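When you get a sec, could you build the whole thing from the sequences and use the hints?
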Amino acid sequence: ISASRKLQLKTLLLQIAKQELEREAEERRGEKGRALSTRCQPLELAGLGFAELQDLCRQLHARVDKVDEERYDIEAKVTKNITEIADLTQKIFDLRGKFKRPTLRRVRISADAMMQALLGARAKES
Amino acid sequence: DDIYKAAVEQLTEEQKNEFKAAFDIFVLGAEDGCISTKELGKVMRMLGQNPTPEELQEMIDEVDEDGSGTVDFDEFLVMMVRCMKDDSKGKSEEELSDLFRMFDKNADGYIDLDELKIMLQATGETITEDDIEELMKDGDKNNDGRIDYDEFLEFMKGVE
Amino acid sequence: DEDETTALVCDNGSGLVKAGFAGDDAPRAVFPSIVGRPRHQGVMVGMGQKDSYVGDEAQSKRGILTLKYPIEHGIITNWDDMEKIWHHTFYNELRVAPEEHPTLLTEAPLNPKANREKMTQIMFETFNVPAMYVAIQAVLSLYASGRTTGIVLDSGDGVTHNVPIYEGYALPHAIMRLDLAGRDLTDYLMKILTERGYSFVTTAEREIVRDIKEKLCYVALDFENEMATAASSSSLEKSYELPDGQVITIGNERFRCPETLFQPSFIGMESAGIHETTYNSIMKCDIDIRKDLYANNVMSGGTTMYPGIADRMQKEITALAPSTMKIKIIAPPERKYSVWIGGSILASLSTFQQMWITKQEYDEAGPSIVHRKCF
Amino acid sequence: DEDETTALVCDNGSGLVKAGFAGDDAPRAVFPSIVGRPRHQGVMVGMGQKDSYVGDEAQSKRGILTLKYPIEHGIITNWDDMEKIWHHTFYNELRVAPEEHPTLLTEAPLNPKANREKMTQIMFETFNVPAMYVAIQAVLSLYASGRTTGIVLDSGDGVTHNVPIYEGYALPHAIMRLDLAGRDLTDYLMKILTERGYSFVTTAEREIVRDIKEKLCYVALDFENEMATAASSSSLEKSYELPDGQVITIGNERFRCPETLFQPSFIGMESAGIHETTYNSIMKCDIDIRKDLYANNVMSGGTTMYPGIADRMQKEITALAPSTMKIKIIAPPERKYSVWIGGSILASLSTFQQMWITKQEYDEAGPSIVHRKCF
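Protein sequences, first through last, are from chains V, L, Z and G.
Residue numbers for the first sequence, in the numbering used here: 1 to 126.
Residue numbers for the second sequence, in the numbering used here: 1001 to 1160.
Residue numbers for the third sequence, in the numbering used here: 2001 to 2375.
Residue numbers for the fourth sequence, in the numbering used here: 3001 to 3375.
Subject to a maximum C-alpha distance of 16 Å in a straight line, what follows is the list of computed EDC-like cross-link-like pairs (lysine to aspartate or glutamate):
| hint | chain 1 | residue 1 | chain 2 | residue 2 |
| --- | --- | --- | --- | --- |
| 1 | Z | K2238 | Z | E2214 |
| 2 | L | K1085 | Z | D2003 |
| 3 | L | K1105 | V | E22 |
| 4 | V | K32 | V | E22 |
| 5 | Z | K2326 | G | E3241 |
| 6 | L | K1005 | L | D1072 |
| 7 | Z | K2284 | G | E3205 |
| 8 | L | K1105 | L | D1148 |
| 9 | L | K1117 | V | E20 |
| 10 | L | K1105 | V | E20 |
| 11 | V | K100 | L | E1154 |
| 12 | Z | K2373 | Z | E2361 |
| 13 | L | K1089 | Z | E2004 |
| 14 | L | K1089 | Z | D2003 |
It should be emphasised that the hints constitute simulated quantities derived from the structure, not laboratory data.
As structure tokens, then:
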């Protein structure tokens, strides 16, 4: 496989993985909307009586406590896996590192500036 | 060593003939008629700068896939479009995780050849098994037959 | 003309100043740390003529100038002259105004605090730099050399620092700073050249002896065996052409001058040499550290540009070290320039973005801030 | 990575931690009971470097760390460090979330009750273990050794417990608890190695002496004869290599360290030694118990690995014992590890499945439940 072919292959692959990221994320987000409608179901407020609405607010406040607690547990776990990602990426990055160091140069006189400092007016596309 | 050909695929040919004449003066007074150390040196000198023959011979070898050791005029044009700003930006680990969860449809932490094959067939470009094969092999430095996630960083390091 | 608002880096030593931009390969220009001034009465008028010359200007017109060095033994003592070197460095060769660019300067951890305070103050008050950092030359040497662990033997123009670093941590009580450096080796050579019939006393003569040393001297992996032949035969002499057409040669003095690094008593210094300091820095570190420092002696800076030094040092430390243990030396081609190289690496790291002193922090705290935030 | 929700078993002593899964033959991982912390100022930028290191991490990076043991003579006082040891053990090496598996921890019955209450609490309140069971090390020692009856001789790194068990029942009035253990034996060795010219005081040095003891020390059947011989000949000297290439040659210190178990005055302890207490544990039991305990003197835990210990203990008990009676010592290869094995055996017994405290009975009763459900 020659040069431009491989360039196009891999850049189009990156686009394909982007599109699969898109489909996976839209799956996740439709799932979110549907699951949220499913769990926390909209209230039925019409015509509800006074003391009725008092006790209902209390029960839904217990519901606040439950759901908040539970999502917050998912949150704490996520934070633990966050520290896990940070520190394991740190770890491996170091194992990756000690030689991984990506850097830039500037000893590269770019062919625009190069060919102009050479050609003057003749460096028209150069 | 090839991305420069890929960039001239994106670039024009008038620059190729300007570099033909370039190479000609780049060997103005040459010992080998191609760009050895001192030829690239007098290139930099006409550029107004003074290089060292080590990096000279190195940029000579920076394209050296076969071990050609020299600057063929073809390899010369390669080296000269190396310095034009054509494709940049060095794609890497983060977006590569974002894309590797996909490229690892198997979610192995390693792109098996299944996902790579399918997503290439999806790339829209013609898909050879030289494509998918070289891509698996360059990804997989552990050569497990599956492109590890960091082997996928390798797989999509910089390829604009 | 630059494509990024990057940091600037300048290794301002007692010898030369290596200057360029952070994120680039090397320094754009290297200047002598010299401000030159005329020592003669003018006769012609309308001849231009400066009150003072800087860097390469000072050397180019040196025939009638006395040349002074604003930095000695790692410390700036003449802040006015360094401001002049910097104005020239930044605006004439790097083509940058520091007003829009964070600037990194370097020192040894055992230089007086005044060095770091004046470096910071000049850039914030005469150049209005948006940010400053004063770096450790040993750290910069380790980044350039690919190490986090080892002994950095910087062997500079005015001072040798000798500091152990392990896993990125300093072992500061084990720093064996030595009052022996390249500038003393030059003065030693001037005296031995005088014994050979070639006296040098004035600035032009002093700059040439330094140039002679840099091109003709070497250390030798084994000075005794080198002397047995060098002291017996003219085949070991090397010629140097003086600016005025005279020729000076050096015989065993060619390695006996550099030998001072292994014999400081040659210049009146109370020391056994750099290998003793390397060894003691390892000795003062814990036993589970020592194994890694023996395997990682790091040469950086100039004066390490003497053939035979990597091997001379390995033999000299191995001789003091325990048996079984492997003693190893790192001595990259990025010698003498490795501190600048490390400067560019450090200034541009994402992990270093919060290490910078901003102008606002400086203006609120004053120059003593460098002592608290840099290291 | 385990295919069943079996009990996790972890024997956490003042020295090492043995961790694995119940029903198996050996711990899957062994960690020191250590949390390490850097004692130096960082110099380089972007070096990573942890705030604390645990278990094998603590020893691996120890060159610049101070190493602390959370357990003091058998009791955990530092629970911040132990939750790190447990988290690391479970999460990284046993590859288990305790939430899905019951856990067995161990301790002597005379260990302050606060420790078994807290061991029960850490697994229920930090790791959410579905159930708990704190085991008696002597119980586990006899299961591993194939006994129901015998004396458990368990001098460890922390303390010595000395407990007789008959037909599975403890005879608690006969327990002879001593503040005599490997940590003190090690301290004595550091003092006597200092007498020989090798002074060891820092964490790296303290770990070296502990390592010297484990590899070089022994007791010998006859102490007077071994002493007189060591004092007369170099034939009893043994060398040890240190991390930096240093070598230490050790003579009678090789057995004077272990000797403290028989001569506690060496460490300032008011005790007649482990053989007096092993003997008294048998003696304090009824005469129809004693015959079976004499014939089943069982070693478990470490220090039992010193050559000559099974024979010296059998001889000293025999010398103290009535004649006619047969005294025998069991000192299996499953030494130093047999308690873990006993843990595996107990956790998995069908007759033990009702002994587990669930995270319900625990929550309703509180921490004190361990005193009623375990021991």
